[PDB]
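Starting from the known structure of chain A, arrange chain D on it as the hints suggest.
Residue-level listing of the chains:
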Amino acid sequence: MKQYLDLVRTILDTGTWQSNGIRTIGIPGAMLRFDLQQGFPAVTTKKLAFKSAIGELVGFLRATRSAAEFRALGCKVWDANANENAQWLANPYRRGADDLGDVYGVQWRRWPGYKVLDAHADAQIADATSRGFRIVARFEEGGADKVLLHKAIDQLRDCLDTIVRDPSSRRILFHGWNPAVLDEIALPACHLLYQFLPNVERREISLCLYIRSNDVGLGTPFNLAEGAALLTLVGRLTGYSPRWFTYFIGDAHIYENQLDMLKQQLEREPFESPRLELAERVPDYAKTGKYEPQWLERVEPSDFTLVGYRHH
Amino acid sequence: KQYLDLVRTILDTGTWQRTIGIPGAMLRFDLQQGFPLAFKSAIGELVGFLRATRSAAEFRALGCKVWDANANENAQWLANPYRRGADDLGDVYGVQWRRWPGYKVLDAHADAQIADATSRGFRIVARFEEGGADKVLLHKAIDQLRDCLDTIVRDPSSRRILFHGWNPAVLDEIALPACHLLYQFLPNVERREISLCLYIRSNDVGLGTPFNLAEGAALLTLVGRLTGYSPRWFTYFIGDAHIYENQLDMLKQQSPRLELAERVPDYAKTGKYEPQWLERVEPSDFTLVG
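Sequence order for the protein chains is A and D.
Numbers 1 to 20, 23 to 314, taken from the entry's author numbering, label the letters of the first sequence in order.
Numbers 2 to 18, 25 to 43, 50 to 267, 275 to 310, taken from the entry's author numbering, label the letters of the second sequence in order.
FYI, nobody ran anything at the bench for these hints, they're computed from the structure.
Be a bit skeptical, because a hint or two may be false.
Unchecked claim - Under the rule of at most 25 Å between Cα atoms (straight-line distance), these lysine to any residue pairs were calculated in the SDA-like manner:
| # | chain 1 | residue 1 | chain 2 | residue 2 |
| --- | --- | --- | --- | --- |
| 1 | A | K153 | D | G144 |
| 2 | A | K2 | D | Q3 |
| 3 | A | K148 | D | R96 |
| 4 | A | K153 | D | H152 |
| 5 | D | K148 | A | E186 |
| 6 | A | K148 | D | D104 |
| 7 | D | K153 | A | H152 |
| 8 | D | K153 | A | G145 |
| 9 | A | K148 | D | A121 |
| 10 | D | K148 | A | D147 |
| 11 | D | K153 | A | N93 |
| 12 | D | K148 | A | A146 |
| 13 | A | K148 | D | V138 |
| 14 | A | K48 | A | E269 |
| 15 | D | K148 | A | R97 |
| 16 | D | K153 | A | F141 |
| 17 | A | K148 | D | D101 |
| 18 | D | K153 | A | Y95 |
| 19 | A | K148 | D | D147 |
| 20 | A | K153 | D | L119 |
| 21 | A | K148 | D | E143 |
| 22 | D | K148 | A | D185 |
| 23 | D | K153 | A | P181 |
| 24 | D | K148 | A | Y116 |
| 25 | A | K148 | D | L119 |
| 26 | A | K153 | D | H122 |
| 27 | A | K153 | D | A123 |
| 28 | A | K153 | D | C192 |
| 29 | D | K148 | A | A154 |
| 30 | A | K2 | D | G15 |
| 31 | A | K148 | D | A123 |
| 32 | D | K148 | A | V138 |
| 33 | A | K2 | D | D13 |
| 34 | D | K153 | A | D156 |
| 35 | D | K2 | A | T10 |
| 36 | A | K2 | D | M33 |
| 37 | D | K153 | A | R112 |
| 38 | A | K148 | D | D120 |
So that you can see chain A by itself, here it is in the shape it has in the complex:
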């Protein structure tokens, strides 16, 4: 995690000050890159809220849009956004208490995809239905008969399928930035795009994660934990050992009211990284040869544990 502390130092030494209530100091474009075989990228100069981060990831895997369900998973980080944020409270897409809208995992697992086809475009219709689209309406437009097709697209499960079927593919990615629904949600995706990169020779799998915006103090440690944990779960279910986790940040910044806290962290002696264990009950595809992607839903926060986590 030296790279993390070095990022903080770089922002403080080379960043510029900006207003937005609380000022931030930031740089555009940074990378952290971790070899997960060397350890899990937990901050040690403070306590990582590991169970909260794992709870959040499990929530996303389950396409959760309720802060109550996040809370049941050990994660309170959505409560204010769901229930106090004035702009969200005024948003007509908010269903009521604890609702977040179709954030993050809803887009990962259930992206609402539509096609509008000519009603007699038989080959297009057959192709779309073969891929899981279904006809939900027939209507006239411009004096032409149309069909609306819909699919709740499970990008993440599609990625796991491609890893097992076609690991040399350079298209194994999902993301949560759906322009059609930016106006319907509590918060737009901060951690945005996830790309998996299997290595057949080495039986290794890597992850590149694009982050639109991070509070480097409070957010980066949480998102590191979640991305590393996701890669570990995906490797378990697809027969690959997790290897490189590359974390790409667009707007990397630090809030002015965190400076004192962060400065004290920069002075502390970091500890060796811990190791992440994913519970034996989550079956290993490399051992079983049984493909069981339902474990994306069946995994619980308690299946993720850190071994040897030392921290200040």
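Then chain D, alone, in the frame of chain A:
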């Protein structure tokens, strides 16, 4: 230098499959210091994307031949029922950047949602019954890029100024899915500097990288001109970074200035917002001197 270090790293630590590659790389360039047939082809591609082009012929007229084979020789695409005919590519890249087909299915009596959607440019295009409920289908052709330019001028402290070309609903309707995928602009209002982060899912570090760098730098230069900001950082994030075996000879062996024509007006000098220059700009407006 950064570029050659990436090359060295791939060659020394990559895995063969022929191509040799690593996962996750970054190049980061200060465009104020300098620019990072090839150039004109890249510019022609960019102008084609800006104009939401789906025809290889239109790309060729703009000086770009790189789409012909994918339009007309790729067996999978030739068999695809969404292909209209010769030179068609489907709604690739710029069509998503400029005219992303955004849909909502709302309850017909969700007045406040429907009103909100209409205020944002959605229109009701169909009414139908599903699951015993009366529903309305709303549609907007979302111009993500224009929305970005508007936000740069209106609210530059926004950290949401980005567009991309990866629309999961149409991956089955297109000649190739977006490779240079996500573009994020980062205005710094205190310094009137604008930066760009670009995520590329797959890149030939030999011939692909120079091409994509030209297009990204050109786009940041155009956007800065039209929004009142000087280009600064261009950060280039790569997922699958690889080199072809057939290029090793060439790579084993191995700045100019970008100019955008003065006829493309500078918002910082005119005070007149003219985002229509995204369509009016021509390949000839971009030159690479030195």
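If any of the earlier hints don't hold here, list their numbers in rising order. Nothing - there is no hint that the structure violates, so all of them hold.
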